[PDB]
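Asker: So the chains spell out like this:
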Amino acid sequence: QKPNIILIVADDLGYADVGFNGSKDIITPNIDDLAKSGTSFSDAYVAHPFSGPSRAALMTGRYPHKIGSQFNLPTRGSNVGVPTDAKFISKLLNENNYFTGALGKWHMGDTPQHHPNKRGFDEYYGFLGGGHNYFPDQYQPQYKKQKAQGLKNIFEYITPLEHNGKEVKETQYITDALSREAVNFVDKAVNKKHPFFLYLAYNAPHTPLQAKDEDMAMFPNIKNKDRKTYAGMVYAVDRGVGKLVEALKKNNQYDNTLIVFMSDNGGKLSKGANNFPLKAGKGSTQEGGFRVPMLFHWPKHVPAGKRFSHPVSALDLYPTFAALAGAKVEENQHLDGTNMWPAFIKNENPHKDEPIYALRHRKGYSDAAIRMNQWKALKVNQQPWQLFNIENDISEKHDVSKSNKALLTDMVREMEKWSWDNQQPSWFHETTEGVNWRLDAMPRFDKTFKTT
Amino acid sequence: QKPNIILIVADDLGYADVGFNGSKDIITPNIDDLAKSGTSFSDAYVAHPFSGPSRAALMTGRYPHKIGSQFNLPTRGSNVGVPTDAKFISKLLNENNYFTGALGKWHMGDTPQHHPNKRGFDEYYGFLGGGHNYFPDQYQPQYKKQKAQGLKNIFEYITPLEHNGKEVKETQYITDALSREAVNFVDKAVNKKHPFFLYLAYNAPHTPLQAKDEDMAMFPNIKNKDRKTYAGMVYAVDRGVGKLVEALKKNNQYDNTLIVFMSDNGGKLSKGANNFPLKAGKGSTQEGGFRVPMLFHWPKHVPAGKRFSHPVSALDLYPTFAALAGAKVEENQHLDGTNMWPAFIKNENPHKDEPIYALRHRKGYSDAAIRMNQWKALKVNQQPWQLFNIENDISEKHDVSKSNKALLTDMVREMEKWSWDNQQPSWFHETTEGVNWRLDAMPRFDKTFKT
Amino acid sequence: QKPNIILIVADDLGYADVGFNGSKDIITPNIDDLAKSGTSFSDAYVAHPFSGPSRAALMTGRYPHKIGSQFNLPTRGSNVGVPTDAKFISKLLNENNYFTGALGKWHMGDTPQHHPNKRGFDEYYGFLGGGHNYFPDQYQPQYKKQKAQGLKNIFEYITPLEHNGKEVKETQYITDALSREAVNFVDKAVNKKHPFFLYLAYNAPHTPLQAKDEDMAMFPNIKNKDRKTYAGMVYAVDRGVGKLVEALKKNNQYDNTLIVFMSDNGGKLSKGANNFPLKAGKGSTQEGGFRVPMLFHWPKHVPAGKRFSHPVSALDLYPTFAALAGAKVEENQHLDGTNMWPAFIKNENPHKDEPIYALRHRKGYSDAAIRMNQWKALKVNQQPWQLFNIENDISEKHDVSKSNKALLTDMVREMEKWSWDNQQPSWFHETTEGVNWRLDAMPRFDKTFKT
Ligand SMILES: O=S(=O)(O)O[C@@H]1[C@H](O[C@H]2O[C@@H]3CO[C@H]([C@H]2O)[C@H]3O[C@@H]2O[C@H](CO)[C@H](OS(=O)(=O)O)[C@H](O[C@H]3O[C@@H]4CO[C@@H]([C@H]4O[C@@H]4O[C@H](CO)[C@H](OS(=O)(=O)O)[C@H](O[C@H]5O[C@@H]6CO[C@@H]([C@H]6O)[C@H]5O)[C@H]4O)[C@H]3OS(=O)(=O)O)[C@H]2O)[C@@H](O)[C@H](O)O[C@@H]1CO
Ligand SMILES: O=S(=O)(O)O[C@@H]1[C@H](O[C@H]2O[C@@H]3CO[C@H]([C@H]2O)[C@H]3O[C@@H]2O[C@H](CO)[C@H](OS(=O)(=O)O)[C@H](O[C@H]3O[C@@H]4CO[C@@H]([C@H]4O[C@@H]4O[C@H](CO)[C@H](OS(=O)(=O)O)[C@H](O[C@H]5O[C@@H]6CO[C@@H]([C@H]6O)[C@H]5O)[C@H]4O)[C@H]3OS(=O)(=O)O)[C@H]2O)[C@@H](O)[C@H](O)O[C@@H]1CO
Ligand SMILES: O=S(=O)(O)O[C@@H]1[C@H](O[C@H]2O[C@@H]3CO[C@H]([C@H]2O)[C@H]3O[C@@H]2O[C@H](CO)[C@H](OS(=O)(=O)O)[C@H](O[C@H]3O[C@@H]4CO[C@@H]([C@H]4O[C@@H]4O[C@H](CO)[C@H](OS(=O)(=O)O)[C@H](O[C@H]5O[C@@H]6CO[C@@H]([C@H]6O)[C@H]5O)[C@H]4O)[C@H]3OS(=O)(=O)O)[C@H]2O)[C@@H](O)[C@H](O)O[C@@H]1CO
Ligand SMILES: O=S(=O)(O)O[C@@H]1[C@H](O)[C@@H](O)[C@H](O[C@@H]2[C@@H]3OC[C@H]2O[C@H](O[C@@H]2[C@@H](O)[C@H](O[C@@H]4[C@@H]5OC[C@H]4O[C@H](O)[C@@H]5O)O[C@H](CO)[C@@H]2OS(=O)(=O)O)[C@@H]3OS(=O)(=O)O)O[C@@H]1CO
Ligand SMILES: O=S(=O)(O)O[C@@H]1[C@H](O[C@H]2O[C@@H]3CO[C@@H]([C@H]3O)[C@H]2OS(=O)(=O)O)[C@@H](O)[C@H](O)O[C@@H]1CO
Ligand SMILES: NC(=[NH2+])NCCC[C@H](N)C(=O)O
Ligand SMILES: NC(=[NH2+])NCCC[C@H](N)C(=O)O
Ligand SMILES: [Ca+2]
Ligand SMILES: [Ca+2]
Ligand SMILES: [Ca+2]
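Residue numbers (the deposited numbering), protein chains in the order written: chain A, 28 to 479; chain B, 28 to 478; chain C, 28 to 478.
Chain A with its partners taken away, still in its complex shape:
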């Protein structure tokens, strides 16, 4: 019996904003249940410190730089997306007999060939862009007004949600709507004589900061307005996870389902998040930007009550899911992660003596990160490379590059070696960003990989 698989991804969820990863103010009982009876991950890294490229990496199992997807898609819409020649984990599972669903945020291409239904998902219910307004009673009138005015380029956050290409009129708070459709999906899966894969991509707690009064009422001792709204938004996700878990139990799916819960990137401190004890947040190559909460839950397979301390990459989920599903991986797919399960089961480092990378572009330069065993190499703000023993110095306070010159230089040269098959970006999130890229002769890797 092949297991069902559920990948739950929250959007801009801060490192300290779920109870199992150290939250003292936001309360996440249903998510914490999964942690307490499963394994959480203290050194879990996404492939990029923001949404689009991170999500591309999750789906393809490749660093987004390898497939021209290093930037978020154009904010006002486009006819491009994550390239079709990189087989999504969903398509691979669908080809090995899985019933497949995707819910909520896509952020990987609007067009027919980039649509969830052509990337291997039998079901899709959600919004295709970078986010969405949370209240239908707020957004539907705005959209109606603009459509009646003849406007064709409407802010994607107020546009109707869809189900398999057909527009719907959603009635509920979006987090709750997506949770309801998660229940509907796993309910539909009972009647199929097949295992299922569900990709549940919540837009919470991403902007705009919009919560239900009923969820905000549960945090009366949180005085800061943004933090209370944010706390409410996260609580809605927790309620949703509970509702999904309950449906899995009723359907007798729970015991044979691997649930993964994570964030797509680090939390944004100016929009209510907390990343303690990590430095900085969303978009950074500091730990706060791409080190995220993660838990696995699968009874009698994932040990209960444990805390896994070795590095794990979002890139690992593609080959790890494939191995558990009995799906063959071809070498021409160029997967950048590893099947982490053998090493996971022995409590060993699945990236022993192997680097994990982050490379985020800016105007005329790039910030970078290398995580390798106990070492974190850091390139930020055009300053020289820094080195931290991240196991003793999680907050990146003590640069020890002066005492380890050869090691750091070696780590950077390996990243330079790794960079040669990075593709030129196929798009940018804004027109001026792409113009500046060309004006500045990017990538300026002569600056990025300069050593000592």
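No incorrect hints appear here.
Taking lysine-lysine pairs in the DSS-like style, the calculated list, with each CA pair at most 30 angstroms apart, reads: (1) B:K333 to B:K276; (2) A:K174 to B:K474; (3) C:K474 to B:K390; (4) C:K373 to C:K333; (5) A:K355 to C:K114; (6) A:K196 to B:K444; (7) A:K379 to C:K196; (8) A:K477 to C:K179.
Non-contacting residues of chain A with respect to chain C, defined by C-beta distances greater than 12 angstroms in every case (computed): (9) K51; (10) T111; (11) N121; (12) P168; (13) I185; (14) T198; (15) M243; (16) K252; (17) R389; (18) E418.
Don't read these hints as lab results, they were simulated from the structure.
Backbone N, C-alpha and C fix where the C-beta goes; we use that ideal spot for every residue, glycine too.
We have chain A already, so just place chains B and C with the ligands on it with the hints.
Answerer: Showing chains B and C with the ligands alone in chain A's frame:
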């Protein structure tokens, strides 16, 4: 019975240079016959305001920017062309049982894999470059002299014409030569138990301005030397269309043949053309550069004596021809036009609430055009975006952008959205053009899509 | 019986550094034997004036610019290589029943899909980078020390050699080691009922200048330290050729084996080489950079004791080997050389009225070369195009461009035409080189093909 299809394209034909589209001085009786007994199009647009990219769009059904073909091919020759992975309308029809011919101007690649015979044409008779000298007695001696001198890079306008890869020695005025081969092609098609597709690409009335004395004699009241030569050149095309039509009738092909006649782009005013009432001409994103004459003729299918007033794109011919031929279109072909026939038959707009675009690059900036319902948005000469109600203001005289700020902004943002899958050009028409493109960080779409 | 084929390539071997090509000080008796009983080539050209692109051209039969391989691979390692869609001569021969081996220097990609065993070589014994230190007793302790320190990016010149993906511990001087494995390969080939192809890629006489005392002792009258070391290194290659030849004779393979011996590029004057009488050396588009020593040896087929005076390209070896092996070449492979054997046998020019090109990129500009019949067109150091009658002026002393303006202009325009399907480089040898390429809007072919 699947219909035969003939696409006749003239080269630099001005908007007012055929009788059915308002010519008062050039006379085009045989072309006008097709219009009078068919439907002409008052709002017909090509995909680019000059040859190579326009022709690539006709053949592929894709905006040339999508396939790296936004510029004319190198003037002195090259080993590149319209990419082989974009299936030509000719190949699609050939795969669905059509006998296929192409005549005259190619301008889409010289090399073996870019040659007409590898792009789905059973027959090809013509010249592969951007144009040709019209008189064999003039050009053949020039070529002979240069070949005997050992020169290998010879101006493509004097090089021998070819038939399916073998050089020929043409004897007649080129317009007449191509017309004769159109007759030969449809004559050969009688013996095949198949429908046929013919792509007749005349180089007239493109430069050099060379006409027969016999055709120029028919316009004694045209005093301007260039305009008289030009008029003659166009008259030769009209004679040719007549000869082709006559052959179709004799062969019992005429009633089951859809004939399309059009220009590849707007006329060039400094080389004898007239684009009245449109502003500017060849190469412009003003209407004069990419709005062209067009007619459909197909008895008992295309209504006789009509004038279709809704926008139509050259891009529409690919899926429209395919639907009529019963040829399936796969979604991975990424076609940018639409099958216009359903909407055409109901006299409705086949691009209702959908834009038609032109984007022509220049040195360090781009000019652009958007046609959407009654609206023409215009970006020219690095000035701010202008808006015209093109149905009331065909000559683009009255900028009404100040009264419609939100609408214009919306139209431009949609074009910006559309631009993201434009590919970097695979070539340029001159080396310095490509160098300047790279020096200037092109495309400078930050300037093109501002406000 | 299809013939066996051996391609022996030395690395940075100067033009005057083998006896048969005019050496007065370095003595190469075994290599000279092959010349004296075969044919040498006075006008043999590689496709690029340095290693990686030259080697890519040898293997693919294509100019390296056509396949994005105009630069050496990154010096400190990479996950890229000569593209997999360009079938190597080794794979073609392997598919037509040949037992295939490659020895020594690769310099065409480290990764699994770029590895010799996936590019059609049954056997590989060597080092995958741009070169190697010659003494195991010197390099193995350095590598051991650095590996134990935890370093993962180790200079490729001290890393272990490998045999079919498994690391080895080599005991001998590398030139001798590779010669020993050439003997082993042709010995293994006796037991196979198949012809064999062997690609023997010596790193000698490339840096570092490291020779055995026993080889240096043979040149007591060479006073210059570098020249003596270099002479020794070359003598080691000669000993190796002798050892291979002896094995071929013992195995009765010699008479049915075409042996080719050549250099990958011109010699480097600052590292012991001599290119007399050619101007300049390694990396240049002067003759000294890409005109190399070459000989063919094949008893009763290649005439004995001859000197072939017509141009021949490294690109020719792909289709020439294929024709002799009875292996079919598909037109979709886009081969840039020619099967030179028919013309070779008649003592005619296999590139009669056809150019041979060199195009080497630099910081913000490109140097170029055109060889066509008796003519050498030269573009160097950003100076204007020069023309030489290279048959009368091998040392490029007398620029005769003023007396042949039309001819030169024609040659350059043809090269400009040829350049349009050059691909943007897929990598560079250093990060700064790639940055400078983008900063300078390269290629600056406006400068390269001016006038
Ligand atoms: O009703 S309103 O909200 O008022 O108006 C809206 C709309 O605004 C909203 O749009 C979305 C939804 O909520 C907010 C709000 O502003 C906004 O949130 C954005 O959502 C995105 C997804 O839709 C995305 O989130 S993600 O998907 O999880 O990734 C956005 O995050 C990203 O934003 C950029 C793209 O990647 C990152 C960001 O990169 C920035 O790019 C800038 C250039 O454009 C700049 O780069 S640089 O110039 O090349 O250097 C910037 O760096 C700079 O930042 C400041 C300024 O200068 C310095 C520094 O001091 C420089 O470093 C760079 O960060 C990614 O964010 S990340 O945190 O960096 O990882 C997310 O913000 C309006 O947009 C619209 O006009 O109107 C509607 C109403 O109609
Ligand atoms: O024997 S001779 O005729 O005396 O000499 C010939 C030959 O000349 C001829 O070559 C052809 C045949 O007749 C004429 C003649 O000059 C010429 O006509 C050209 O035919 C082409 C096809 O072969 C093509 O027509 S098309 O196939 O229908 O498209 C040509 O039109 C195009 O020309 C350019 C390429 O696309 C468009 C043009 O783009 C121009 O490019 C310029 C850069 O090189 C420049 O761009 S910019 O530098 O980025 O700004 C230019 O813009 C500028 O132009 C002037 C100068 O400054 C302003 C403006 O005032 C600036 O805007 C840009 O337009 C397309 O033209 S379009 O009208 O824009 O659509 C067609 O001209 C000689 O060439 C040869 O050397 O010798 C032989 C005899 O041996
Ligand atoms: O122990 S040490 O030896 O001291 O140190 C070593 C190691 O150094 C060695 O590494 C190898 C082995 O011996 C030497 C030594 O320095 C070096 O040799 C090089 O081997 C390569 C293969 O491994 C390759 O040979 S080849 O495979 O046969 O091709 C090298 O030749 C090439 O080198 C460059 C790449 O292609 C050619 C060269 O191109 C150069 O590119 C430069 C940078 O971009 C520059 O280009 S430009 O700026 O754009 O114009 C350069 O031109 C310039 O050079 C100077 C400066 O400005 C002018 C000029 O005055 C400008 O023209 C251009 O040549 C090809 O050479 S070619 O001759 O041009 O064809 C071969 O040299 C160290 O590297 C390591 O770190 O340490 C170890 C010890 O630990
Ligand atoms: O760059 S160069 O130094 O190499 O050349 C320079 C200059 O830089 C170029 O910009 C310039 O280019 C013009 C245009 O293309 C080629 C050249 O002439 C073209 O027009 C000619 C036209 O003059 C000619 O007319 C002659 C004339 O009347 C009829 C005809 O024959 C008679 O004998 C008489 O002399 O006809 C040509 C076609 O046969 C051609 O006209 S056309 O084909 O373009 O319609 C172009 O001029 S244009 O862009 O103004 O139209 O050349 C100079 C070198 O002089
Ligand atoms: O969705 S939010 O970004 O959290 O907040 C917005 C709005 O702030 C925005 O207003 C414009 C558009 O982008 C920025 C600004 O230039 C953004 O502010 S910023 O992130 O601080 O730079 C906020 O003013 C309003 O109250 O709420 C909306 C969301 O509903
Ligand atoms: N159980 C293990 N695999 N431990 C080693 C993992 C790497 C470890 N962080 C180190 O100090 O090198
Ligand atoms: N004028 C001449 N063609 N001289 C002889 C040149 C010889 C040259 N190798 C050729 O093949 O042509
Ligand atoms: Ca996010
Ligand atoms: Ca034209
Ligand atoms: Ca070399």
